[PDB]
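> In case you want the letters, here they are:
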Amino acid sequence: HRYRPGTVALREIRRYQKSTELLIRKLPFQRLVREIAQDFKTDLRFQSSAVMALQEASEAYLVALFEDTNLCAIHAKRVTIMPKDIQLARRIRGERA
Amino acid sequence: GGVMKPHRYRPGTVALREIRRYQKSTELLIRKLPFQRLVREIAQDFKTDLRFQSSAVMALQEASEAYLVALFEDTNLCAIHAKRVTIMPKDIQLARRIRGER
Amino acid sequence: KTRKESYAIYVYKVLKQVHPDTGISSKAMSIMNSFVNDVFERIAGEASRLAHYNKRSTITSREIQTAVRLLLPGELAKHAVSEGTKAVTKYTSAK
Amino acid sequence: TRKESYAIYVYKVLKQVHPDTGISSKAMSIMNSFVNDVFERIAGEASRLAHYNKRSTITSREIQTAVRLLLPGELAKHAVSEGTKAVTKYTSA
Amino acid sequence: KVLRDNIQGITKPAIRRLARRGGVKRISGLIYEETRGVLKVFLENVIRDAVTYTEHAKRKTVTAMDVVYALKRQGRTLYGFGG
Amino acid sequence: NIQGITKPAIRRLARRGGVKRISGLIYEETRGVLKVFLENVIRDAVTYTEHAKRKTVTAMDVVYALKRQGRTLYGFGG
Amino acid sequence: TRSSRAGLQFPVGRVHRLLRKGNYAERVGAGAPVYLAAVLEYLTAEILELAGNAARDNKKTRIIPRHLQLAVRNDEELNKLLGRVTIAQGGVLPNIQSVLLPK
Amino acid sequence: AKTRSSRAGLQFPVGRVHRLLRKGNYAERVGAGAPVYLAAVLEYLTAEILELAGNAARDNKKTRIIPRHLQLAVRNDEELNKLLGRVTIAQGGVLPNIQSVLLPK
Numbered sequence: 039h040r041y042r043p044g045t046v047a048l049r050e051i052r053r054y055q056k057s058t059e060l061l062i063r064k065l066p067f068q069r070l071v072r073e074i075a076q077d078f079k080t081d082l083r084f085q086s087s088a089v090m091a092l093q094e095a096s097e098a099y100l101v102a103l104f105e106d107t108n109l110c111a112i113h114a115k116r117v118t119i120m121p122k123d124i125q126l127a128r129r130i131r132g133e134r135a
Numbered sequence: 033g034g035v036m037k038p039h040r041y042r043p044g045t046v047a048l049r050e051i052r053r054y055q056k057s058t059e060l061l062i063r064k065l066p067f068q069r070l071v072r073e074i075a076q077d078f079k080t081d082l083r084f085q086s087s088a089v090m091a092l093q094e095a096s097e098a099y100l101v102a103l104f105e106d107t108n109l110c111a112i113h114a115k116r117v118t119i120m121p122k123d124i125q126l127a128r129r130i131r132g133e134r
Numbered sequence: 028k029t030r031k032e033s034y035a036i037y038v039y040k041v042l043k044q045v046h047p048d049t050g051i052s053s054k055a056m057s058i059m060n061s062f063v064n065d066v067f068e069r070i071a072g073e074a075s076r077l078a079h080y081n082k083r084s085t086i087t088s089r090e091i092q093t094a095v096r097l098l099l100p101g102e103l104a105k106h107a108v109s110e111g112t113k114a115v116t117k118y119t120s121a122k
Numbered sequence: 029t030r031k032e033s034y035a036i037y038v039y040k041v042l043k044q045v046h047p048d049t050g051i052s053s054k055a056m057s058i059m060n061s062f063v064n065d066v067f068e069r070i071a072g073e074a075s076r077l078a079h080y081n082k083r084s085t086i087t088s089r090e091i092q093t094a095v096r097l098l099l100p101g102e103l104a105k106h107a108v109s110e111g112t113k114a115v116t117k118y119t120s121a
Numbered sequence: 020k021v022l023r024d025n026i027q028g029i030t031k032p033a034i035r036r037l038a039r040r041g042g043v044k045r046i047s048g049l050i051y052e053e054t055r056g057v058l059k060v061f062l063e064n065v066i067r068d069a070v071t072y073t074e075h076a077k078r079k080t081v082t083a084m085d086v087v088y089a090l091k092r093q094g095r096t097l098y099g100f101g102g
Numbered sequence: 025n026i027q028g029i030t031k032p033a034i035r036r037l038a039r040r041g042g043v044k045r046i047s048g049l050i051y052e053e054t055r056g057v058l059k060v061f062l063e064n065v066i067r068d069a070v071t072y073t074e075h076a077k078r079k080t081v082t083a084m085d086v087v088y089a090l091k092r093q094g095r096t097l098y099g100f101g102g
Numbered sequence: 016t017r018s019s020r021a022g023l024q025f026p027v028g029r030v031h032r033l034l035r036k037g038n039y040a041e042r043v044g045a046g047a048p049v050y051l052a053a054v055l056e057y058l059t060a061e062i063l064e065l066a067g068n069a070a071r072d073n074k075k076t077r078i079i080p081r082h083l084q085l086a087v088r089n090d091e092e093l094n095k096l097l098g099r100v101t102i103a104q105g106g107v108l109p110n111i112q113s114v115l116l117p118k
Numbered sequence: 014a015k016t017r018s019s020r021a022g023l024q025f026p027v028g029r030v031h032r033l034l035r036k037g038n039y040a041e042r043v044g045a046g047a048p049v050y051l052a053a054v055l056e057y058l059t060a061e062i063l064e065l066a067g068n069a070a071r072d073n074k075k076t077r078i079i080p081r082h083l084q085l086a087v088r089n090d091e092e093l094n095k096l097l098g099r100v101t102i103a104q105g106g107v108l109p110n111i112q113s114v115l116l117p118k
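Protein chains in written order, with the deposited numbering: chain e, 39 to 135; chain a, 33 to 134; chain d, 28 to 122; chain h, 29 to 121; chain b, 20 to 102; chain f, 25 to 102; chain c, 16 to 118; chain g, 14 to 118.
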């Protein structure tokens with residue numbers, strides 16, 4: 039049949055919140071990191087452990103940011119996070135100007 | 033034969049006037065002596081028989097007013113994001129949650 | 028082969044002291060070691076800042092206690108203080 | 029007793045930049061606080077770098093990289109240029 | 020002399036004035052007590068830290084430097100009173 | 025390159041964050057925030073590496089970079 | 016050792032050495048390494064205690080990071096202490112906002 | 014010249030900086046170029062801030078720089094503001110700013 043819109047999302051929330059495995063596949067993330075790093079210095083090497091630490095920190099930060107964003111969107115009587123929500127969150131945090 | 037009064041202001045105008053007025057000056061807004069009494073009480077409950085340098089109280093009041101002004105700024109931001117114009121308690125709680133305060 | 032150090036073994040002894048029939052994973056071991064380093068650093072730095080603030084040259088047990096009372100939340104700090112004072116009294120008892 | 033301050037040097041700099049402009053006592057205190065704060069931050073960052081590199085001394089390299097970690101882009105760049113220039117002048121003289 | 024209910028010394032007009040300096044235009048009635056609570060929390064934390072420093076110092080009087088140290092501890096550094 | 029952070033991956037992250045409904049422009053905004061965050065952290069990490077006179081960025085350098093930013097990380101020799 | 020004399024498991028001498036080499040002050044008294052080691056040992060005892068509890072709840076024999084994250088975040092005081100710390104392989108606590116729940 | 018500041022052509026006291034570094038337990042030993050470098054950095058930051066502070070005082074037709082000026086200066090300059098983004102200035106006040114939706118139409 040069909041699941042009503044908005045149900046499979048709840049299942050996935052239960053699913054992902056119970057595990058801890060990283061959610062971004064490694065290789066694209068690593069290539070992004072190397073691209074970004076290149077702009078500060080040429081011919082640079084990275085310990086895989088360093089890349090893993092970068093990914094850990096980045097994903098944890100993103101999850102926290104989304105938590106705050108969902109909180110904002112709920113406050114705005116909404117259920118769909120929208121860019122303005124992230125902007126408000128970061129602004130209050132003090133990260134964005 | 034009577035005495036008539038000219039008119040009456042629309043609401044919110046003096047709010048804006050006050051806003052600019054207090055955004056131009058810097059003088060402290062909370063009255064001093066109640067603040068000192070409150071601080072003395074709070075310290076008392078942390079430990080009895082403490083005395084204070086006035087300058088210490090002043091620094092405390094400055095930090096408190098600064099903190100509160102920033103808090104109100106963030107509250108106003110939240111109020112606006114909630115398509116409202118009156119700040120409401122839940123706005124403060126949201127601000128303090130996002131700030132990482134408890 | 029470089030002889031790098033850690034807190035592992037003592038963490039394991041404590042763990043046995045609280046949950047005798049339990050193990051721990053290597054990644055959790057490293058996490059624990061990082062936690063110990065972090066707390067050590069914070070308390071030590073707070074002690075040093077005390078020492079500077081009071082114009083004195085010695086980070087003593089008293090500095091450690093007051094730093095513990097600055098850094099840790101209420102109940103955790105209370106118990107920290109109790110334990111530390113206890114161990115110190117014992118250490119001065121022996122020699 | 030002697031209560032050291034950066035008051036005099038701040039005055040010198042001010043007159044260097046604004047000869048015709050005074051500073052209030054409160055402003056002077058604030059400036060002093062800023063100076064001390066920046067000093068402490070840079071010094072702590074440099075000490076941290078020294079420790080991380082298992083090194084027992086602070087050289088102008090540690091200070092320079094500390095500045096690079098602390099100040100923002102243009103501010104850091106000009107500060108670095110000034111620091112290196114002062115170091116070179118001191119070494120020559 | 021005992022001190023009691025000094026939190027209400029933070030009168031409504033004062034909180035309104037602050038909110039004006041914060042850019043607020045229209046203030047809900049319940050905002051005042053919530054603001055009182057927030058101020059009480061913040062003051063409790065800062066005074067706990069400052070009193071701690073004073074205790075270590077073995078002083079019966081709180082000095083501005085104690086306040087400044089406490090504030091810097093809270094990641095809320097203050098200029099204008101030394102340090 | 026940056027786009028390699030696939031939209032569904034962003035969805036997965038958000039789900040772990042507790043989000044139920046996601047907008048289109050979100051994905052790109054999240055990409056931007058991630059790019060900035062990485063930029064800061066990697067900048068600091070390189071700075072640390074450079075002062076070490078090493079061509080290989082180490083984990084420890086990442087750790088100090090995160091600690092500077094008040095985003096302390098555990099599990100990599102803290 | 017000195018740990019033996021103080022009823023601790025944590026290496027006092029290690030703490031003493033680190034206190035010296037970390038340039039925290041010119042001179043270091045005698046109690047301080049003992050006290051700091053005792054406090055550290057107490058805290059890690061607490062962390063391990065709760066993490067083992069969690070692992071038992073999850074029916075596991077060896078503590079893995081997820082257990083540590085659960086113990087930390089679920090507890091109020093530990094969570095406050097680790098306010099600015101992200102634990103590798105830690106995840107988040109299960110939590111769904113009401114309005115998102117089905118009606 | 015005798016003063017090390019004169020050797021480095023600096024207004025700040027290099028000697029005082031050197032003492033401070035040594036009396037701060039930042040490391041076992043202190044190099045000779047670090048006091049000079051740090052003094053130069055401090056001088057540069059002070060000059061940069063004072064420039065804007067004096068300019069602000071001018072804008073308010075005032076001969077003396079008062080805290081309000083220091084605030085205005087720092088908060089208007091993006092980089093300085095970022096350096097002091099977590100700092101409070103006694104008597105600083107705030108930049109005049111009113112949200113758009115609060116303006117009458």
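Calculated directly from the structure, the hints in this document are not laboratory data.
Backbone N, C-alpha and C define an ideal beta-carbon position, used for all residues, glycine too.
Check each hint, because a few of them may be wrong.
In silico contact screen, one side only, chain f against chain d (beta carbon under 8 Å); selected entries [said to hold, decoys possible]:
| no. | residue |
| --- | --- |
| 1 | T96 |
| 2 | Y98 |
| 3 | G99 |
| 4 | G101 |
| 5 | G102 |
Within a straight-line C-alpha distance of at most 25 Å, the following computed BS3-like cross-link-like pairs (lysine-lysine) qualify [unchecked claim]:
| no. | chain 1 | residue 1 | chain 2 | residue 2 |
| --- | --- | --- | --- | --- |
| 6 | d | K28 | d | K54 |
| 7 | e | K79 | f | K31 |
| 8 | d | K43 | d | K28 |
| 9 | f | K91 | d | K28 |
| 10 | h | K113 | d | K28 |
| 11 | f | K91 | c | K36 |
| 12 | f | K79 | f | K59 |
| 13 | e | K122 | g | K95 |
| 14 | h | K31 | b | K79 |
| 15 | b | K79 | a | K37 |
| 16 | h | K40 | h | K117 |
| 17 | b | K20 | b | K79 |
| 18 | a | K56 | b | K31 |
| 19 | h | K31 | h | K82 |
> Look at each hint and say if it fits the structure.
The hints, checked one at a time:
Because the beta carbon of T96/f sits about 7 Å from the nearest beta carbon in chain d, less than 8 Å, this interface hint is met. A hinted interface residue such as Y98/f counts as satisfied when its beta carbon comes closer than 8 Å to some beta carbon of chain d; here the least separation is about 4 Å, so the hint holds. Annotation: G99/f was flagged as interfacial toward chain d, and the flag holds, the nearest CB pair being 5 Å apart, inside 8 Å. For the restraint placing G101/f at the interface with chain d, the shortest Cβ-Cβ distance is roughly 7 Å, inside the 8 Å limit, so the hint holds.
For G102/f, the suggested interface contact is upheld, since its CB lies about 3 Å from the closest CB of chain d, less than 8 Å. Taking the CA atoms of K28/d and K54/d, the gap is near 22 Å; set against the 25 Å cutoff, the hint holds. Using a Cα cut-off of 25 Å, the hinted pair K79/e and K31/f is violated, with the two alpha carbons roughly 29 Å apart. With a C-alpha separation of about 30 Å, the suggested pair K43/d and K28/d falls outside the 25 Å cut-off, and the hint is violated.
Only pairs whose Cα atoms come within 25 Å are accepted, and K91/f paired with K28/d is rejected, the gap being roughly 29 Å. Restraint check for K113/h and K28/d: the C-alpha separation of about 43 Å exceeds 25 Å, so the hint is violated. For the proposed pair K91/f and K36/c, the alpha carbon gap of about 21 Å is at most 25 Å, so the pair holds. Proposed proximity of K79/f and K59/f is supported: the alpha carbons are some 23 Å apart, at most 25 Å.
For the proposed pair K122/e and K95/g, the alpha carbon gap of about 23 Å is at most 25 Å, so the pair holds. In summary, the hint linking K31/h to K79/b is supported, as the alpha carbons are separated by about 23 Å, within the 25 Å threshold. Under the criterion of a C-alpha separation no larger than 25 Å, the hint pairing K79/b with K37/a is inconsistent with the structure, at around 60 Å. Using a Cα cut-off of 25 Å, the hinted pair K40/h and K117/h holds, with the two alpha carbons roughly 20 Å apart.
Note on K20/b and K79/b: the hinted pairing holds, with a Cα-Cα distance of about 18 Å set against a maximum of 25 Å. About 21 Å separates the Cα atoms of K56/a and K31/b, which keeps this hinted pair within 25 Å; it holds. Of the supplied pair hints, the one linking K31/h and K82/h is violated, its CA atoms being roughly 36 Å apart against a limit of 25 Å.
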